[PDB]
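Once you have looked at the hints, place chains B, C, D, E, F, G and H with the ligands on chain A.
Spelled out, the chains give:
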Amino acid sequence: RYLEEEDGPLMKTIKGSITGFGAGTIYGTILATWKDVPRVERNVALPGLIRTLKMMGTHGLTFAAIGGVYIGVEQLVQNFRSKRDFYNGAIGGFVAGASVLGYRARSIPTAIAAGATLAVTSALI
Amino acid sequence: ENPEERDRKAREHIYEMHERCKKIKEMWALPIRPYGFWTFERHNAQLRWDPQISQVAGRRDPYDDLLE
Amino acid sequence: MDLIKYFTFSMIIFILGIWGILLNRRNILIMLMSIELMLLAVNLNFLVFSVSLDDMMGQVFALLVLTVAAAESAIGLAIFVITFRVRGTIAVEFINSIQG
Amino acid sequence: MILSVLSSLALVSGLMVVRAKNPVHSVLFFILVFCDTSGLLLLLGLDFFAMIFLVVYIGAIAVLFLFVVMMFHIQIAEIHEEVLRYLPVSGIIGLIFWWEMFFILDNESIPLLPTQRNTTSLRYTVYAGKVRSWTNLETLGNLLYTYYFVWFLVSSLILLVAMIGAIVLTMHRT
Amino acid sequence: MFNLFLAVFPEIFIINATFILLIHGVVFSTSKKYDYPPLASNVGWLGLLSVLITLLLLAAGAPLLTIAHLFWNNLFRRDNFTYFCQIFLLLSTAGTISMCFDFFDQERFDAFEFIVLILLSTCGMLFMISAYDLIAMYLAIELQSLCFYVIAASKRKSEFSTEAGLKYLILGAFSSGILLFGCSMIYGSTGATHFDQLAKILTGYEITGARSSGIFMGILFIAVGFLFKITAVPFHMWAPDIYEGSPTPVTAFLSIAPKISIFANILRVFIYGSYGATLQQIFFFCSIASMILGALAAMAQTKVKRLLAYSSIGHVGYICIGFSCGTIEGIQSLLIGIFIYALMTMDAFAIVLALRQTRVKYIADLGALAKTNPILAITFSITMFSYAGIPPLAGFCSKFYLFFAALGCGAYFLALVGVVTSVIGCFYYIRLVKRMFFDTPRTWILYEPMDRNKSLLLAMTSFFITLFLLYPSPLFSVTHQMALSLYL
Amino acid sequence: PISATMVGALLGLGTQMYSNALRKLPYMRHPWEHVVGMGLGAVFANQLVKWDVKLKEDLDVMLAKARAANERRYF
Amino acid sequence: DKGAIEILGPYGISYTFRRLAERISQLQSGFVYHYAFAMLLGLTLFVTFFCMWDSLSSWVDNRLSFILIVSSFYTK
Amino acid sequence: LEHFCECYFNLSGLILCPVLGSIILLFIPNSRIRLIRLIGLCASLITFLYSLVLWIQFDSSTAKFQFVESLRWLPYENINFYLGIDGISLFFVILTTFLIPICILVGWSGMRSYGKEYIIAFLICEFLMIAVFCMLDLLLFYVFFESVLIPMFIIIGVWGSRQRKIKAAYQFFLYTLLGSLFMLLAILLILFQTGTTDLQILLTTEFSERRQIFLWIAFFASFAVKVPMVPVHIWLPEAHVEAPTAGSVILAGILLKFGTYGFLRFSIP
Ligand SMILES: C[C@@H]1CC[C@@]2(OC1)O[C@H]1C[C@H]3[C@@H]4CC=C5C[C@@H](OCCC(CO[C@H]6O[C@H](CO)[C@@H](O[C@H]7O[C@H](CO)[C@@H](O)[C@H](O)[C@H]7O)[C@H](O)[C@H]6O)CO[C@H]6O[C@H](CO)[C@@H](O[C@H]7O[C@H](CO)[C@@H](O)[C@H](O)[C@H]7O)[C@H](O)[C@H]6O)CC[C@]5(C)[C@H]4CC[C@]3(C)[C@H]1[C@@H]2C
Ligand SMILES: CCCCCCCCCCCCCCCCCC(=O)O[C@@H](COC(=O)CCCCCCCCCCCCCCC)COP(=O)(O)OCC[N+](C)(C)C
Ligand SMILES: CCCCCCCCCCCCCCCCCC(=O)O[C@@H](COC(=O)CCCCCCCCCCCCCCC)COP(=O)(O)OC[C@H](O)CO
Ligand SMILES: CCCCCCCCCCCCCCCCCCCC(=O)O[C@H](COC(=O)CCCCCCCCCCCCCC)COP(=O)(O)OCCN
Ligand SMILES: CCCCCCCCCCCCCCCCCCCC(=O)O[C@H](COC(=O)CCCCCCCCCCCCCC)COP(=O)(O)OCCN
Ligand SMILES: CCCCCCCCCCCCCCCCCCCC(=O)O[C@H](COC(=O)CCCCCCCCCCCCCC)COP(=O)(O)OCCN
Ligand SMILES: COC1=C(OC)C(=O)C(C/C=C(\C)CC/C=C(\C)CC/C=C(/C)CC/C=C(\C)CCC=C(C)C)=C(C)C1=O
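Residue numbers (UniProt numbering), protein chains in the order written: chain A, 7 to 131; chain B, 17 to 84; chain C, 1 to 100; chain D, 1 to 174; chain E, 12 to 499; chain F, 2 to 76; chain G, 590 to 665; chain H, 2 to 270.
One thing to keep in mind: the hints can contain errors.
[What the hints assert, rightly or not] Now the stretches of chain C that chain G is said to cover, found in silico as 3 or more residues with beta-carbon under 8 Å:
#1 9–22
#2 25–37
#3 85–98
[Claimed, not checked] Below 27 Å or equal to it, Euclidean Cα-Cα: the simulated DSSO-like pairs (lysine-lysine) are:
#4 F/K51 to B/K39
#5 F/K57 to B/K39
#6 B/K41 to F/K66
#7 E/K314 to F/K25
#8 E/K211 to E/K314
#9 E/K166 to E/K316
#10 B/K39 to F/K25
If you are wondering where the hints come from, they were derived from the structure by calculation, not from laboratory data. All residues carry an ideal CB built from backbone N, CA and C; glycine is no exception.
Looking at chain A on its own, in the form it has when it is part of the complex:
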């Protein structure tokens, strides 16, 4: 049911970072297009494009961070501990959520909530 792969933990982390950056770029593009432009920018085109690209880059950066740290900690847990379960990956989800989303949110309760939420998701998986 799972024997179609070649694996490689470093490859896993790199590819996770790349996939996270792609998803974050798309997500930032969507977010930037949904919003309105400031009234003082209605008659000028360039800064709107600049703000959209900045949102793209910021969201690509943060989502790449989550998508890399998640798999990295997951593999660094199932390698040193040398076991396969949902416990490995729940720790990774928690650390990714806490670290990145609390760095962005600048609050510890948000970090704890994000880490707990990311674990229950990866736990279900």
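Only chains B, C, D, E, F, G and H with the ligands this time, still in chain A's reference frame:
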């Protein structure tokens, strides 16, 4: 109530329910897509209609006009 | 290569309609025009397939779809007219009162 | 090559439909798109549909759009907006649609690569179908009113709805 | 020759009666002699009569609707499933019309064309149910849609009604174009549009590696159009705005009949056709999204109409779970859910229309209703508890099946989502009961008593909601019959 | 005992009264309507019982055909 | 009783679901352009996930997919 | 199988008594306060005496269910439901029938403002709770336990003393409904194995240790909320304090017992 009769309908319920528990579960296993449903006559409408219009101008083999 | 070229023509018309929806957030008249462009592209798809497949069904449906396009444009432009009449303007900020 | 010319004209005219600042100009470019479409239809041998696209799309629908848009007298301030900030979202949506949807026929309908040999001699001619050829018009008319008449009548109902709605929504009798 | 048309006697009658009413209305509405009388109620009564006669003709001629099936085969297909679906559609249309007379006379909505457009849309939905080809399906859908566009904008001087119409026409036309594109792709890939031909071509292969991307994307685009029509998330946001901005009788009519017609279409297209697991996954994900979004957004609402719109979105999520699981019991449960939701929606909109005589708008406007009209507050409370799915009310069936399928298809995330969304729904449904029974506002709104039509309809739907589970056998048997008739 | 006629008559009478109450009218405002409602309720309940029997009869044959079609697989 | 259990219970649950319902209601912005954009996005998502997910599995995983979706809730 | 009992006083009539009282009270004008009071009181007292008689004819030697009677639901007879009591449920029926007249008597002085709705709500509660205690079927136990939520919600919200009754009623309803949904999940889990929800059969089927563990957890979810067990007990103080006096009496004296009855009746055996 009468203890003898009360304890006897109690046996009929179980004996009848342990051996009656098989019928309904067979309906739940009935396929929603029957075997060869497209074989059923309702689904072969074109096979019976199209021969009736096979000589209609607009769908004839071109050689039919040369020989008729 | 004929069939791929005829199909990509209609396809560019359809993608142009999609882009017109995407690029016209303050201009809902052009949004209606983009929807017509998509309908034209679908109509062309039916006609090309009819020839390629040597089958008449694509042609009957193309005519009926033209009828639908006509009725759609008539009713849509009536709704545009009454919206404009109520507001005195066609700007999108005056058709955003229903929300939540 | 000829399909390249017509497709290029259609591409530019459609971009003008969706990007012209003045809506009257958009209606006029739309009319150019329908002319190019009619040209393609003539290439397909469908002269009835080629003419009907002129009669209905340009002669009736575009005229309706032009009458309405011209009397609106839209000011550009009411519908202006910069589109430079949409280039990325159009890039992803366009590309995904481009990669999927311009090439959807390729696996099912594989093109015949034109070779350095005259394949025209392998065209087989059946004269039996050429004794009494049918126009596009009469082939369509053989079917609309007899074998598929119900759809014809439902379309009539659709037109009746259009008439009623046009009256009820806009009529102000003097 | 004449006897062939026995298969379309119901439709012929209703179309002819609609023409008669159009002529009657236009001739006498313009009459100086009669001083331009309003004819909305007169034409409404005559059209209710016409709908009931159509129902009689259809129900009493069940075998005759299948006469000359080979001659009619390339136009439509009538069977037991279409029989019962059309009967239910006519019953819903009759109820909706009966709920409109107080609106006609007290608001003074004098336009009789409203009734004519409703009747023509009913004709369109009748043809939708019996459609057996992509072309016929599209044409009937378009007729129905154009009628709705016009009636959504019927208050043509209202900002709200004109906004509703504009949003509806634009988003409806967009979705229809997407669906038509899907139809064109399927035709180009298979050379067929008749449902039988599509079934034969597509069966036995699904995705056998060499899958027709043309067939796969045609199905996807058609599914997108269908999901727009059933107001499934993420193709839903037209529905709350249109429901709120349209005249309330329009909102009541849109909440019921199109769902019946389009679900008949969806069953006969997908269930009877064949791409397979992909499409059931489509409806699975859209069901989950619809349940979650409907619950949360409904919890946000302060106005009655918007609350009911989001409630309907959540319930179509619950219903589509049945389509997703792909079993005879799944189809049966979908039909049971549609029937019960329709009856509950009719009850709720009868109350809403009764309260519109005093311009009910906010949930808080219901304050002290248990004092100013006790039996009305109880009736509305029964509807809310039924919406929440509290047993033994009729609404409990949909919840029971949702969890039955969650443990039948083997889906525990779905069960978790159902539990959470059911609790959220119960909260925002009992908030209304709290407003009518527990609150003590400083200013009360006194409501005018409802007319006889709405009181009778409310009385019957309230007995059904309370007492259905005492005698549910006829619905169960008829829905099992219909589910089976799709394939045999 | 508890026949469909009696249940239907009681439901029809209840329907008329509930309708009167909803309109804030006295329970027995138009009594001939209560009689009409009892009659209609009795008729509707009896017809529903008969229709239920007929529905079960048709479902039986239809399930029989489904079972035969399924059993054709193992031939 | 009135502390952690209330926060990890009715008090906290009511707060978060109120904020979430708040956020979801704002999606219904009243702008017809948002509603069309949503339909286009849903159509694009349909094509992307359900047909163009053949060679993506080499670089992606389902875990990361659902994680990034949930993580989006904690933005700004 | 019709399991009709031979004894004259049976369970169905005791179910029907407060139902008939409620229907009669539906149609009596609120001006006739004395008539409403007396009719409600007398219906409740007759139900209490009926339950006392049921005690009299109890047979204290059998392990079986006594006074077992059956009620058909569909002519197909696949789903048919049974009522019966034993030595674990008898006194709870008696306690319910005894407490309800007490509730009508506590609000005697304020009945002019309470109205017939107060008595009707308490009679409906009585009917539902007696049903719950008398059910030999998991599914019907479910259906009739959830039903009491509606009249209890009304009782707390309408006749509670102060505005905190709003929050109290919301919390009562939502906690109890969450637990009930968990036990619905357990019921369906059981039905998939057995094809039935009849208690007598489930007492004679064998469940795997694994699926026993998981079904027991699902039952515990409902019952621990009902008992209440910590930490899902916090709804109880709010609800039992904000309710009117008779509402508190019914909540503490009967409704609390339903979780322990569920443990005794389904989970332990
Ligand atoms: C009233 C108002 C006013 C406005 C308006 O209406 C409204 O006014 C209306 C007036 C309209 C115009 C009216 C008229 C045309 C001409 C049409 O253009 C004909 C083009 C077609 C016909 O072209 C040839 O057709 C025959 C050859 O095919 C020639 O026959 C020879 O060959 C026979 C066989 O050996 C011998 O037996 C004969 O003896 C021998 O003579 C014939 O002479 C010649 O005409 C199509 O041709 C192409 O198609 C080929 C297939 O795709 C392409 O093949 C290529 O691809 C292949 C792979 O696919 C490869 O294998 C190939 O190697 C590789 O070459 C290639 O590009 C090219 O051939 C283009 C459209 C247009 C401008 C309309 C525009 C719209 C309007 C302005 C309307 C406007 C809207
Ligand atoms: C057990 C079910 C599950 C839980 C759900 C419970 C849902 C209800 C919540 C219970 C809490 C208390 C509810 C209190 C309601 C009782 C009060 C009530 O409804 O009385 C109504 C009575 O409402 C009704 O009309 C109910 C009629 C329903 C009929 C059902 C009976 C069917 C057969 C009976 C046949 C006719 C009568 C036979 C004897 C004459 C009086 O309405 P008003 O608005 O006060 O005045 C009406 C106007 N006028 C008196 C002048 C006519
Ligand atoms: C699945 C097994 C369990 C997993 C582990 C669960 C336990 C881990 C904790 C998970 C929730 C993190 C709690 C974060 C606490 C800080 C949140 C906070 O700031 O408090 C706010 C309250 O928010 C919360 O506490 C959230 C409580 C969440 C509890 C449950 C969430 C919903 C769970 C049910 C939905 C999912 C159900 C299915 C799950 C499988 C109130 O803020 P205030 O207005 O009072 O301002 C002052 C504040 O203190 C700042 O200084
Ligand atoms: C199933 C659960 C248990 C249900 C029990 C059912 C029992 C049977 C029903 C018994 C009915 C008892 C009452 C019978 C006497 C009333 C006779 C009505 C007299 C009448 O002419 O009413 C007219 C109005 O039409 C009307 O008011 C009648 C139309 C009202 C709507 C009725 C349904 C019509 C459409 C069908 C909808 C089906 C929906 C299904 C989805 C005029 O009245 P007026 O003189 O007072 O003046 C009104 C001011 N304009
Ligand atoms: C056999 C018992 C049941 C028989 C019922 C009558 C025969 C069935 C015929 C259909 C009856 C359907 C119900 C008729 C009334 C429907 C609602 C009408 C109410 C309405 O708004 O219009 C009223 C017309 O009166 C009217 O419509 C009633 C006009 C006269 C009928 C009353 C006589 C009924 C005879 C009952 C038995 C007689 C025994 C001797 C044969 C005007 O109201 P309004 O200004 O006149 O006054 C009312 C004081 N609120
Ligand atoms: C291994 C350890 C396991 C431990 C055991 C865990 C078991 C679960 C424990 C937690 C139980 C939570 C039960 C939910 C109770 C919520 C009660 C809140 C209701 C309340 O008091 O006030 C409302 C809150 O506002 C609101 O808006 C509330 C919105 C409704 C929220 C209900 C959401 C519950 C969904 C289920 C979540 C738990 C999932 C469990 C799998 C109304 O206030 P207002 O003033 O704003 O309203 C307008 C007023 N008319
Ligand atoms: C409170 O913070 C904020 C957000 O955050 C909630 C935001 O977003 C935005 C702005 C950006 C938005 C709204 C983009 C989101 C739009 C989308 C995803 C388009 C789709 C439309 C809808 C209604 C979503 C429905 C789709 C669902 C639930 C899933 C799709 C379907 C299936 C899985 C089957 C802003 C300004 C913001 O300040």
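Q: Verify the coverage statement for the stretch 9–22 of chain C against chain G, using a C-beta to C-beta distance below 8 Å and requiring 3 or more qualifying residues.
A: Held - the stretch 9–22 of chain C has 3 residues with a Cβ nearer than 8 Å to chain G, which meets the minimum of three.
Q) Quick one, are B/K39 and F/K25 close enough, alpha carbons at most 27 Å? A) With Cα atoms ~52 Å apart, B/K39 and F/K25 exceed 27 Å; violated.
Q. Is it true that the CA of F/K51 sits at most 27 Å from the CA of B/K39?
A. holds, 26 Å
(Q) For E/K314 and F/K25, compute the direct alpha-carbon distance and say whether it is at most 27 Å. (A) holds, 26 Å
(Q) E/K211 and E/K314 were given as a pair; does the straight-line alpha-carbon distance stay at or below 27 Å? (A) violated, 49 Å
Q. Quick one, are F/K57 and B/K39 close enough, alpha carbons at most 27 Å?
A. holds, 17 Å
Q) According to a criterion of three or more residues whose C-beta lies within less than 8 Å of a C-beta of chain G, is the stretch 25–37 of chain C covered? A) It holds: at least three residues are needed, and the stretch 25–37 of chain C offers 3 whose Cβ sits within less than 8 Å of chain G.
Q | 27 Å Cα cutoff - pair B/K41, F/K66 | A | holds, 18 Å
Q. Taking 8 Å as the C-beta cutoff, is the stated coverage of the stretch 85–98 of chain C by chain G satisfied by three or more residues?
A. holds (count 5)
Q. Is the Cα-Cα distance between E/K166 and E/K316 27 Å or less?
A. holds, 17 Å
Going down the numbered hints, you'll see the structure goes against 8 and 10, while the others check out.
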